[PDB]
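Could you put the whole structure together from the sequences, leaning on the hints where they help?
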Amino acid sequence: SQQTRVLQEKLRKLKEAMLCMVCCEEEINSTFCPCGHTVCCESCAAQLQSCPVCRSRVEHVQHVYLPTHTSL
Amino acid sequence: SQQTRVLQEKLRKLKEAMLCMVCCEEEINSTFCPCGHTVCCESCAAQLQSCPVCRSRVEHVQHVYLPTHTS
Ligand SMILES: [Zn+2]
Ligand SMILES: [Zn+2]
Ligand SMILES: [Zn+2]
Ligand SMILES: [Zn+2]
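Protein sequence lines, in the order shown, are assigned to chains B and A.
Oh and the first sequence: position 28 is 395 in the deposited numbering, straight run, nothing missing.
Oh and the second sequence: position 57 is 424 in the deposited numbering, straight run, nothing missing.
Hints listed in this document are in silico derivations from the structure and should not be mistaken for laboratory results.
A virtual CB, placed ideally from N, CA and C, is assigned to each residue, including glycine.
Treat each hint with caution, since some may be false.
[Unchecked claim] Cβ-to-Cβ under 10 Å is the rule here; a few derived chain A residues that face chain B:
| id | residue |
| --- | --- |
| 1 | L374 |
| 2 | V389 |
| 3 | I395 |
| 4 | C402 |
| 5 | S417 |
| 6 | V431 |
[Stated by the list, open to error] Simulated restraints on C-beta separations:
| id | chain 1 | residue 1 | chain 2 | residue 2 | range |
| --- | --- | --- | --- | --- | --- |
| 7 | A | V428 | B | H436 | 15 to 25 Å |
| 8 | A | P401 | B | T371 | 35 to 45 Å |
| 9 | A | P434 | B | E426 | 44 to 54 Å |
| 10 | B | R372 | A | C421 | 21 to 31 Å |
| 11 | B | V389 | A | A413 | 26 to 36 Å |
| 12 | B | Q369 | A | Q414 | 39 to 49 Å |
| 13 | B | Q369 | A | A413 | 43 to 53 Å |
| 14 | B | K380 | A | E426 | 29 to 39 Å |
| 15 | B | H427 | A | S368 | 47 to 57 Å |
| 16 | A | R422 | B | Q369 | 42 to 52 Å |
| 17 | A | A413 | B | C390 | 30 to 40 Å |
| 18 | A | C421 | B | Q375 | 27 to 37 Å |
Put into structure tokens, the structure is as follows:
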């Protein structure tokens, strides 16, 4: 039905919100500290000296273990 | 259709996985450091001495701003 299409779009958008904002390919699993923006995978987060959301300096990256995490 | 019910279930499960494991009412927005378990809201994370998942000592709690935040 048309509701199947609406729900597929909602699911796609929620899943996209959990993917890295830089590479768009891997799940978010890293927080920039101390600002707290949690928007990147570990690979993109390691390459940024400044937060890509607020531009605060990244003192270090904290790995986050989230219940929504998925794998092959 | 039955396909619509399957998608509704998937959406509901993903949304429930974003809620605090202690109060089940507020969104997760806090990390226990250094272990990294990110399973609680700010209130529930505040008085835990050890991680509720791995039992590691909680040295401090880091607030997290996630793109899925809606509350
Ligand atoms: Zn990435
Ligand atoms: Zn930031
Ligand atoms: Zn809570
Ligand atoms: Zn832990």
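Structure-based check of each hint:
Given the 10 Å rule on beta carbons, the hint for A/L374 holds: about 4 Å separates it from the nearest Cβ of chain B. The closest approach between the C-beta of A/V389 and any C-beta of chain B is roughly 12 Å, which is over the 10 Å cut-off, so the hint fails. The criterion of a C-beta within 10 Å of any C-beta in chain B is met by A/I395, whose closest approach is roughly 7 Å, and the hint holds. Because the closest C-beta pair between A/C402 and chain B is about 8 Å apart, less than 10 Å, the hint holds.
Because the closest C-beta pair between A/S417 and chain B is about 15 Å apart, greater than 10 Å, the hint is violated. Look at A/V431: its Cβ gets to within about 4 Å of chain B, closer than 10 Å, so that hint holds up. Against the hinted window of 15 to 25 Å, the Cβ-Cβ separation of A/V428 and B/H436 comes to about 20 Å, which satisfies the hint. Checked against the given bound of 35 to 45 Å, the beta carbons of A/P401 and B/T371, roughly 44 Å apart, stay inside it.
Between A/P434 and B/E426 the beta carbon distance is about 22 Å. The supplied range of 44 to 54 Å is therefore violated. The hinted range of 21 to 31 Å is not satisfied by B/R372 and A/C421, whose Cβ atoms lie roughly 41 Å apart. Hint check: B/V389 to A/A413, Cβ distance near 32 Å, so the stated range 26 to 36 Å holds. In this structure, B/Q369 and A/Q414 meet the distance hint of 39 to 49 Å, their C-beta atoms being roughly 48 Å apart.
The hinted window of 43 to 53 Å between B/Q369 and A/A413 holds, with their beta carbons roughly 45 Å apart. Range check, B/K380 to A/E426: Cβ separation about 36 Å, and the 29 to 39 Å hint holds. For B/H427 paired with A/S368, a C-beta distance near 49 Å keeps the hint of 47 to 57 Å intact. Between A/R422 and B/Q369 the beta carbons are some 49 Å apart, a value that agrees with the proposed interval 42 to 52 Å.
As the Cβ distance of A/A413 to B/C390 is approximately 34 Å, the hint placing it in 30 to 40 Å holds. At roughly 36 Å, the beta carbons of A/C421 and B/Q375 sit within the given window of 27 to 37 Å.
Hint compliance for this structure: hints 2, 5, 9 and 10 are not met, and every other hint is.
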